[PDB]
Amino acid sequence: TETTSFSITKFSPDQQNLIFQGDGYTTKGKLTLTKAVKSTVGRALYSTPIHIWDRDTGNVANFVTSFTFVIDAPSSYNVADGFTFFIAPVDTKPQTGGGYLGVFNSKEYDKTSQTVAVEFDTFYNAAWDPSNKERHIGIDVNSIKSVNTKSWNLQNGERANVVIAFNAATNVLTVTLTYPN
Amino acid sequence: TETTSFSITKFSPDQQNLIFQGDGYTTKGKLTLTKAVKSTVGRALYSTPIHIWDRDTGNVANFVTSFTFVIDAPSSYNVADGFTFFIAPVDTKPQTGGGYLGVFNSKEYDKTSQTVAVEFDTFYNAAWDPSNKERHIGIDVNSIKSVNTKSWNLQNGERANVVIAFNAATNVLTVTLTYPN
Amino acid sequence: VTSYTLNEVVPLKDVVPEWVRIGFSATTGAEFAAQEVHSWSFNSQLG
Amino acid sequence: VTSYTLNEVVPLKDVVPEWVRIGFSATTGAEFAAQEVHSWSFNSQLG
Ligand SMILES: OC[C@H]1O[C@H](O)[C@H](O)[C@@H](O)[C@@H]1O
Ligand SMILES: OC[C@H]1O[C@H](O)[C@H](O)[C@@H](O)[C@@H]1O
Ligand SMILES: [Ca+2]
Ligand SMILES: [Ca+2]
Ligand SMILES: [Mn+2]
Ligand SMILES: [Mn+2]
Numbered sequence: 001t002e003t004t005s006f007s008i009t010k011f012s013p014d015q016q017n018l019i020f021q022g023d024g025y026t027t028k029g030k031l032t033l034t035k036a037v038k039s040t041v042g043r044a045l046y047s048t049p050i051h052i053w054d055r056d057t058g059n060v061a062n063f064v065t066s067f068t069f070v071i072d073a074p075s076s077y078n079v080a081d082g083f084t085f086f087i088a089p090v091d092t093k094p095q096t097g098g099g100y101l102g103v104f105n106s107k108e109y110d111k112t113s114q115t116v117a118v119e120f121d122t123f124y125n126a127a128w129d130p131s132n133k134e135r136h137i138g139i140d141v142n143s144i145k146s147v148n149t150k151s152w153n154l155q156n157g158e159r160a161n162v163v164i165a166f167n168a169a170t171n172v173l174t175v176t177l178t179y180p181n
Numbered sequence: 001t002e003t004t005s006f007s008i009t010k011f012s013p014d015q016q017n018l019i020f021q022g023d024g025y026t027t028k029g030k031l032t033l034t035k036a037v038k039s040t041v042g043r044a045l046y047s048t049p050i051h052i053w054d055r056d057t058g059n060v061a062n063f064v065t066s067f068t069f070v071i072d073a074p075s076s077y078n079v080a081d082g083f084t085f086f087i088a089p090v091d092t093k094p095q096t097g098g099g100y101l102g103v104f105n106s107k108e109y110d111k112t113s114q115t116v117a118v119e120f121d122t123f124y125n126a127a128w129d130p131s132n133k134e135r136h137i138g139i140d141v142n143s144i145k146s147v148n149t150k151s152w153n154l155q156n157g158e159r160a161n162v163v164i165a166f167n168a169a170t171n172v173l174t175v176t177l178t179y180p181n
Numbered sequence: 001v002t003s004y005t006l007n008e009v010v011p012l013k014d015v016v017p018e019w020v021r022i023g024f025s026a027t028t029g030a031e032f033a034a035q036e037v038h039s040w041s042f043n044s045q046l047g
Numbered sequence: 001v002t003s004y005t006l007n008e009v010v011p012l013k014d015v016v017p018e019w020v021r022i023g024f025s026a027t028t029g030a031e032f033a034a035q036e037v038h039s040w041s042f043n044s045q046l047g
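Protein chains in written order, with the deposited numbering: chain A, 1 to 181; chain A', 1 to 181; chain B, 1 to 47; chain B', 1 to 47. A prime marks a further copy of an entry chain.
Read the hints as simulated data drawn from the structure, not as lab findings.
Among these hints, one or two may not hold up.
What the hints assert, rightly or not - The calculated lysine-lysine pairs, modelled on DSBU-like cross-linking and capped at a C-alpha distance of 30 Å, are:
1) A:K38 with A:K10
2) B':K13 with A:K10
3) A:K35 with A:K10
4) A':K93 with A:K93
5) B':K13 with A:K30
6) A':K111 with B':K13
7) B:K13 with A:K107
8) A:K107 with A:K133
9) A:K145 with A:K107
10) A':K150 with B':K13
11) A:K10 with A:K30
12) A':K150 with A':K111
13) A':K107 with B':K13
14) B:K13 with A:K28
15) A:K28 with B':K13
16) B':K13 with A':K145
17) A':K35 with A':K133
18) A:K93 with A:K28
19) B:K13 with A:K145
20) A':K28 with B:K13
21) A:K111 with B:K13
22) B:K13 with A':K30
23) A:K35 with A:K93
24) A':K38 with B:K13
25) A':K38 with A':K10
26) A:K28 with A:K10
27) A':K111 with A':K28
28) A':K35 with A':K150
29) A:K145 with A:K38
30) A:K150 with B:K13
31) B':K13 with A':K93
Chain A extracted, bound-state conformation:
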């Protein structure tokens, strides 16, 4: 049995329990990943390794996370590029930017990736994103091409409440997003 848990409701100026990559930093008690600038990547990882399953017992972990974020666009027809919560190998570093959202490099399933990402995609990349050209929540495994999606209507500037849960008896990963209004 090993359990683990945390909660930060306000970020310090030196969050020493976080790893920042690319343009991530803390200001005003928020964790900011990209400012509204052209062509930049922002990543922040929790530093303790999480033990998600076991060679010896073959067990997998149940888990849940919940967070709050806003995306703040100059308007609603200039909005790029997205935001991801992901689970990755311990030495993870930022991958390819722009529509690849910092965590992947192709739409072709790459087993070496070892990354599960949940995404909140704000921009259609014609080459892999749903043909309906809508903003969407997606689950991706080892590829920038979601294995499943839901179209969601960005409320530019509002605070979204997300909960992600994974159940280890059922192998089901679920995502729900809530807007206040």
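Starting from the structure of chain A, add chains A', B and B' with the ligands where the hints point.
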């Protein structure tokens, strides 16, 4: 608000969330710090930095820990040297061995130390340990000389249950040790 | 209140290593925006 | 069941830095023993 919590009831062979120093290692689901050998030090730290107080709010954290350990001596008149649970600066490294228990270097209060240690001392070091020559639980701050002690009777080989709690409104740190029988 | 739910079967034991880090990612390109987390909490239980 | 309790006032804000690691220590010398942790759990709440 930032909270943090964990529980390991059985140790893996690669506890990746632990830092081992000196002779510490995991075997058989236990964390072993010193084997019964002459002159050796064993330290194991939880790797996430714990945020124990705040410049900006001036708050201090409440906290509690609980663990289980045994000391296993060849007999009861050859028992050395002790065991400590401590709170230290993040880059902590093992200090002086033997009766200094790996965490200190004098009995003279050293402010640079920044270490609070609770100890389970099994051997009288005439120079600082209670003149009654008894085995004892002690609270030490910045020195190998406990600012306060309790004499306890080592039950060589039994499993002790310890709980340590600190209350931030009262600045009181408490220790209780339980033997089964 | 406007909610959206998605779910799928992912077989975690086979995609990812026994030990993982968790975190957040964002990017801009030609177009852009500011993305920001205001709070984060997590719990898992293995075994 | 044999219990022992000790307590004291420590003023943590003044002894230790805002950020700390926690852990366990043991040593032997001339004489010795084996010291071993069989389970460990921790919780703190700041703020
Ligand atoms: O900012 C939106 C888009 O800008 C650039 O074309 C990048 O190549 C692309 O990946 C990104 O999705
Ligand atoms: O093993 C017990 C004792 O052995 C050696 O004399 C060490 O110098 C001393 O610090 C230790 O306490
Ligand atoms: Ca995209
Ligand atoms: Ca001693
Ligand atoms: Mn997409
Ligand atoms: Mn002592």
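For each hint, the structure was consulted:
no., hint, in the structure
1, A:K38 with A:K10, "holds (27 Å)"
2, B':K13 with A:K10, "holds (21 Å)"
3, A:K35 with A:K10, "holds (18 Å)"
4, A':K93 with A:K93, "holds (28 Å)"
5, B':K13 with A:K30, "holds (25 Å)"
6, A':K111 with B':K13, "holds (13 Å)"
7, B:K13 with A:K107, "holds (22 Å)"
8, A:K107 with A:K133, "holds (17 Å)"
9, A:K145 with A:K107, "holds (5 Å)"
10, A':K150 with B':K13, "holds (25 Å)"
11, A:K10 with A:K30, "holds (6 Å)"
12, A':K150 with A':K111, "holds (24 Å)"
13, A':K107 with B':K13, "holds (22 Å)"
14, B:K13 with A:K28, "violated (38 Å)"
15, A:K28 with B':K13, "holds (24 Å)"
16, B':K13 with A':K145, "holds (21 Å)"
17, A':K35 with A':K133, "holds (25 Å)"
18, A:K93 with A:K28, "holds (26 Å)"
19, B:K13 with A:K145, "holds (21 Å)"
20, A':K28 with B:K13, "holds (24 Å)"
21, A:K111 with B:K13, "holds (13 Å)"
22, B:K13 with A':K30, "holds (25 Å)"
23, A:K35 with A:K93, "holds (20 Å)"
24, A':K38 with B:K13, "violated (43 Å)"
25, A':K38 with A':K10, "holds (27 Å)"
26, A:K28 with A:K10, "holds (9 Å)"
27, A':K111 with A':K28, "violated (39 Å)"
28, A':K35 with A':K150, "holds (26 Å)"
29, A:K145 with A:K38, "holds (23 Å)"
30, A:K150 with B:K13, "holds (25 Å)"
31, B':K13 with A':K93, "holds (21 Å)"
In this structure, the hints that do not hold are numbers 14, 24, 27, in rising order.
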